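Starting off, we have a lone chain in the form deposited in one PDB entry, written out as structure tokens.
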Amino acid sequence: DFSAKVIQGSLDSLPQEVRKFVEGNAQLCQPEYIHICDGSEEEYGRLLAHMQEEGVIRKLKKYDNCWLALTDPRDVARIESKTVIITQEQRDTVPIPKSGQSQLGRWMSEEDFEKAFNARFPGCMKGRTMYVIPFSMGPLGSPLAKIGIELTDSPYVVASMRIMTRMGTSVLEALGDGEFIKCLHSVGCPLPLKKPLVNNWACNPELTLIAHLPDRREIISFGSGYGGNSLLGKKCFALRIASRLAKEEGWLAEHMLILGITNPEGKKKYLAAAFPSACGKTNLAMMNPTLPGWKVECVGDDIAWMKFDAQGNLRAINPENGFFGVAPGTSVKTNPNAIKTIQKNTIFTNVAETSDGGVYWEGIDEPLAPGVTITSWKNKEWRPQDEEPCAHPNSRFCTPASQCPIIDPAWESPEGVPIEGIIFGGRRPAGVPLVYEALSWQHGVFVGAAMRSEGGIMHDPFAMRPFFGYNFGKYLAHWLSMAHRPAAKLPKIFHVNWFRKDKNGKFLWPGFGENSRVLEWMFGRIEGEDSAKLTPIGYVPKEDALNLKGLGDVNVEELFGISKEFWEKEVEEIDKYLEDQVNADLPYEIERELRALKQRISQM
């Protein structure tokens, strides 16, 4: 009975199973206090002032209610090598690669995880508050939403979870005696500190471990205070645990933005798009379109949960409540919609601070008034001349989604939005056209399976490489199975590449807002317009089908050129990759698409 240690709320008012989860872990971790979060502005405002007084965060005096946290340089990112999924059988979690280690996940035995847990959690919250965060992933009470409870000893996690999820008393009220995902987090620095605290940022890099136990609906994370390791709704819940549940239950949990696009005729369509890192995701989600009379609005910028409704529509929700975006590169010039979003009520992590109490980072493209100086994310004076960057490359804004000037009016609709197109993206200086369209659902799944990360060297199928909750081959089979659902209205699948270059190393396409022109083509293709030419790789825009008005001389022949020798090498590369990494778990349909593509190229 830990009743005597409760400093907000009451163990008595919690649902039975929630109380068991709290108390059981209070027994294990030995926190000094238990704070049951209410999600109120009062609670939030006071928690921030507290962190401020303690030096954990600084207030950003130039803005309305914005804050800056600077971490221990050892704890600056989601850490893949410490991220594991626990299942009875390794093969259910990752395929067995022909040689070496899987690139598609990282399994740990139940036995090894048990030893790891015992080595970390007993007594780990001594002298700290355990916060109890009741949170909804997705609009509160939506049939597509799922509830979690996160226990944490980090006020930073509490504040960031309030922005990134729906959290507080109303969630407990909606949960009742229902099922929830159990989320346990600790920074792993019980008091009295065994080791020096760096930058007022509690962490334990040596023992950092982020574990997922899908059969137990548990996520357990130790030693990192940061982002994807500590905000458990984001990746651990909404991709890793969720993709497994989606597999079980017949839906999809994906690393996709969701956008709503309206043509000049006022007709609106929703599209989902998966991109690997540095391939253009945030710029597309926040697009300020250049074509007159087009509108682009954002439902979500990172994760999508999608489920076919009774009518066969693939309905998607954004399970998040906020944007947890990479700050560097967010440009006042070319990403105005992100910039507007983050002007108030935003928590920044590891960015630079200007002497007038503003934020700064590489690629902001905003000259400072003469006189204004810059303090780096390492708390050192900094000048544009310097060797090291002023902001960590993985530094972040954490901002409420409702503040996005282009947030879609249906971004919280409980039944989700009807997805009519899915886009897979990449970054290839050569050989891959600006846009092409899959020949079929099965071809589309192959195209997602063949995705590469920036530069085209490494594979990031479906932009899910770090995030698969289970065996990737089985994931492909799951996608392929959607085709056999009666009445399913299967979205059209496209692949985009903003980054193709000419022989000089210059981009052949201007991109950014100009990508509205590619959306226009996709939109028309969904409506059944005859604006496509068949090629060995799929459909591409016909001559003159793209609106190039205003762009001057665009070399569409090169931008859309398909080379036999390039595509021969590409098919051989995909073949090798799928054999090595997926092998016995590769679906028949995928192998069949590989053979079909190889054959179409061979006839060039």
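Definition used throughout: the rigid core is the maximal C-alpha set that superposes within 1.5 Å between two forms. Numbering follows the first chain given and starts at 1. First, how it differs from the form deposited in another entry.
- Compared between these two forms on the core, the listed residues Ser481, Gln403, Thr354, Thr334 keep their C-alpha shifts below 2 Å, save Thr334.
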Given for the second form:
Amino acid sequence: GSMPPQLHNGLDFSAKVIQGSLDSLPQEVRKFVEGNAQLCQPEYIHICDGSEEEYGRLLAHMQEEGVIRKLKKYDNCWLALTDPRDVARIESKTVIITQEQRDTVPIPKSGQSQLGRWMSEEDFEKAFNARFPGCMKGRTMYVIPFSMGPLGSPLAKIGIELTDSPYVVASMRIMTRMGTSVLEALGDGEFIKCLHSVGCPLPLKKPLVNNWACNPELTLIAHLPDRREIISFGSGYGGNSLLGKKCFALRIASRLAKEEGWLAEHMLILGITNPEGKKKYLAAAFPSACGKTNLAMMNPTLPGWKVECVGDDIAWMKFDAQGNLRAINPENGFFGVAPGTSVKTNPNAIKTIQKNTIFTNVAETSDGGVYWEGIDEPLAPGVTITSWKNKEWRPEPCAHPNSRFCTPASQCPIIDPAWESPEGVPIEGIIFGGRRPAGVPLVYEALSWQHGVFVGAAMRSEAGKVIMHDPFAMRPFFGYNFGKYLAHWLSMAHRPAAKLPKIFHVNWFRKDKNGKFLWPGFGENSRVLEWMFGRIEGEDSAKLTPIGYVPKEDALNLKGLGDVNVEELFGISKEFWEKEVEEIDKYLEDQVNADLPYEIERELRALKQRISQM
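Switching forms now, from the form deposited in one PDB entry to the form deposited in another entry, please provide the structure.
The text that comes after this line covers the one chain and nothing more.
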């Protein structure tokens, strides 16, 4: 862009650019960079090119400073340990700004909305002014041009993220497609403006904990969809600071999707091939901590079946002119929960993460390896453990429960051959599910599209234990009014040509009276996928129940599993389901209230009626 006029010398930041050129940026990109440089007052501006050289030297620099540590047991892997105050998404500090609250969340009948957190324009302006002015003093502002989705995909969207965090730059290189080719692709087109600061201008006003810059007290993750802006302050945790990951991927994108006729969802996408050489793509929405990444990367136990991964967390889906629901993974890597990852639960992740991977908040072994609860593999005698709190550790956990790996998707040994195809992959089934220790069978199939949207809406999951509502696995992620999101989903049925995928609901987590899992899960979930596959093909493998279709007796391949109690696992109790429908009723009435579509109320009535006839 052109240099700003000025009567002095404070508006043109060209002299502070240490990589790239403001003159070579598209005009609106310059305005965005320079405007926020004027506000935040960085010492330098670094326009990222996405090169390996850039990445390597950035990592070595963070290593110099003791912000990250190299994990010498592996190939170009690194470890970051955070301030324990900055370890996860903070829902109560995550907001969406719109002129009217109702555009962001439905106005609940009696209670406080659980479906979003609206902040008024006025309150945000005040919050912004109390945080950003001068916030990058002494620091580099990195400019990260990135694509969500394969570059030039009709489904891809571009952002520009400004950050003062080299951790964010590195992790964004993994999780998005970033650098100079994106700027060239963008040209004078539209982009999402993403502004991030850790909120710790130099000289530091407060002590740095574990060399991890953050400002917990002023942490605020804001989304301004009508301005195409994401503005995040105070947190370096990836869900808050890698603005592609959730802010763009789900919150802003779900609104774009609403406006433009597509869907942005908290879904893995996998391809599954059967022993007759037929392949189908499925998407699945489970809440956080409910096993999407395991499913997405599944190593199936059934001989002759293959699973390949398109993505593990976000799906952007659009019906094409032929009526196929075409999906892309708009991400470039996996940002996956480390604890519980083992050769038993996710052998393909174990494979993936030993090269070119950044770990955050896991334990470190004395030989430069990684450790966490549930890794389920022993250390040689001699090898010792430093916890994620940077203390010597022996059996508090050694790793934070939301510690994660950040790894390139291209390295997954079962990455799908079409995982970067710009036209996307055709989704033939959508799976919902969560943690239900009681009452909910292993798998059922919705009766219709409308029933299936109700099934998404009615999702609940265990957090004494609390069973929480998490509709579509989107509860913390809706970019706009959920009622209107339901209507948008329902509207897909009225597209002539649309080939509506079959909708299923699974429960890997049903327990017997002793608290033991009824179902072995993991690779054994391939048997559930086989049933779904056949159902999509039209097989006569279902029996009707009040909640939807379930597998016929003998329909599920249980060879290996005579130990498994199909009776308790597929049991449907009138008493449980009477209570279930009442809770769903109460929830939807309060939380969706005047914006609850007729079709969803109708499905509630119908389920009530079917249960009444038991």
